[PDB]
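Shown next, in structure tokens, is the structure this report addresses.
Only a single protein chain was left out; the remaining protein chains are all shown in position.
Going by the order they are written in, the chains are A, B and C; count residues from 1 in each one.
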Amino acid sequence: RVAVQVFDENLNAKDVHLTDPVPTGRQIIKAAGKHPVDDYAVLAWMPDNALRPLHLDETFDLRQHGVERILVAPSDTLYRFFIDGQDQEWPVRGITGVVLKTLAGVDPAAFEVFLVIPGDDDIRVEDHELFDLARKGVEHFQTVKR
Amino acid sequence: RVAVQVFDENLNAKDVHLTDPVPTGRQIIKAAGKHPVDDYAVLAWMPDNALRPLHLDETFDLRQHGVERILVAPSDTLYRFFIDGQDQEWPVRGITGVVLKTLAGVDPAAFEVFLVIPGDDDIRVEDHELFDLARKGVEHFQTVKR
Amino acid sequence: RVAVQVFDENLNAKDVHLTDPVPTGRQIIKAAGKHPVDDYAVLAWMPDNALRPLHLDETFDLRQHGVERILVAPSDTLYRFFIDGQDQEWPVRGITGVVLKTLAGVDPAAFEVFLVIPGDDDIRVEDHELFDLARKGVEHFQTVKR
Partner (left out) sequence: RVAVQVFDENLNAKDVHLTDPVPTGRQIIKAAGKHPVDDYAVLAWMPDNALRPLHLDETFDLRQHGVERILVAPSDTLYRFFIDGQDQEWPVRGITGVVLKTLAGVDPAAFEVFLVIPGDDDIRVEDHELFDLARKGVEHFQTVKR
């Protein structure tokens, strides 16, 4: 019985055990106890903090060392954004600054995340400020040392 | 010099040659001659007609048999939808019915694509009708024989 | 003496006690007091509302926590159908809408079950309407919120 960490839009971990060593996205969503399956987007959180979308029939090999990270969220569209030069797709419409800094792999307290707008003033997203990713265009976030 | 087929939101193929046998998404976007790189979403079109998103640093192994299929489109968000039970993410806001039926792997003329609304009348998308995927909720498309 | 809930085509529970902790389908049919054994189909009703057929020699482990659910019905053929994307086999030829919504795990009053016909009008099955599953093809039922 392998184990994984199912997250949410707030990056709250939730250990879930699966008998299948190599389950599909549908199996992971079933294990998360979220229904219907078609309404939820699942992304594999790679060790380098990269969110790669996983499809309902795409298998994720859990038969490795360590507990894998999976982010399952109720979503109908994935919004693209850049955090510290890393491309990501967030399933949900709004993202908190603490989540952005966690994705950047930096200390939430020691760093401040800024939406970088070249030529204009950058917008500082607070730790618990739900910045809306629905804004037109790809969002470039950078974590400046506080 | 490997070769790939770069598509668009209209699924118009465009053969592009790359020296790198295993290039990244950034290299593919550069080869497509589309700038800036950050504004374009690239999806690998798998042989089973599955669009899997590819990231700017994720490598795509082109050193295989046959010409691989890549879809590069100017996009800031990926809209999720189901076509014949297959999960897909479309980079662009609008999709034509001919593209939907091509993704379904069926003859565009012999089939008609319907947005299935359980309990209500299904919406028939015409061959050159640009259905908007921005509609709230995941879209379920099914290709009924004409 | 373990206990189980023997159901019927109307999903009417009936507590039955068995001395054998791990009885076979034949033993369960005998405990249900239904003769001859060969004319009755038995399905284990899994906790996730999945009906999995059980054979006369296949053992069902009752030595677990909670009372298990068994559906025993006079049947010569199992008709396949999809309810909310879940595959099921109904032993009897006709199924009531209340049974469909119970299988879907939703409130019978708050939801309405529809036979989904892509491209055509969906057929609303009433709560006590005995829809015939003998219709050619696999039936796709979806419970829309009322």
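As a convention for this text, a residue touches a chain if its C-beta (ideal position, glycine included) is under 8 Å from a C-beta of that chain, and two chains touch if they have at least 3 such contacts.
Engineer: Among A:22, A:109, A:117 or A:144, which one touches the chain that has been omitted from the display?
Structural biologist: If we include the chain that is not displayed, A:22 is the one touching it.
Engineer: Looking at C:27, C:75 or C:142, which makes contact with the chain not pictured?
Structural biologist: Spelled out, the listed residue whose C-beta touches the missing chain is C:75.
Engineer: Where does chain C touch the missing chain, residue by residue?
Structural biologist: 38-39, 41, 50, 52-53, 55-58, 75-80, 82, 87, 89, 136-138, 140
Engineer: In the whole complex, what residues of chain B lie against the chain that is missing from view?
Structural biologist: 84-85
Engineer: Hey, which chain A residues sit against the chain that's not shown?
Structural biologist: Contact residues on chain A toward the absent chain are 19-22, 24, 26-27, 30, 57, 59.
In this text, only the chains that are shown with their structure count from here on.
Engineer: Can you work out the whole-Å distance between the CA centroids of chain A and chain B?
Structural biologist: 23
Engineer: Among the residues of chain C, which ones contact at least 2 other chains?
Structural biologist: none
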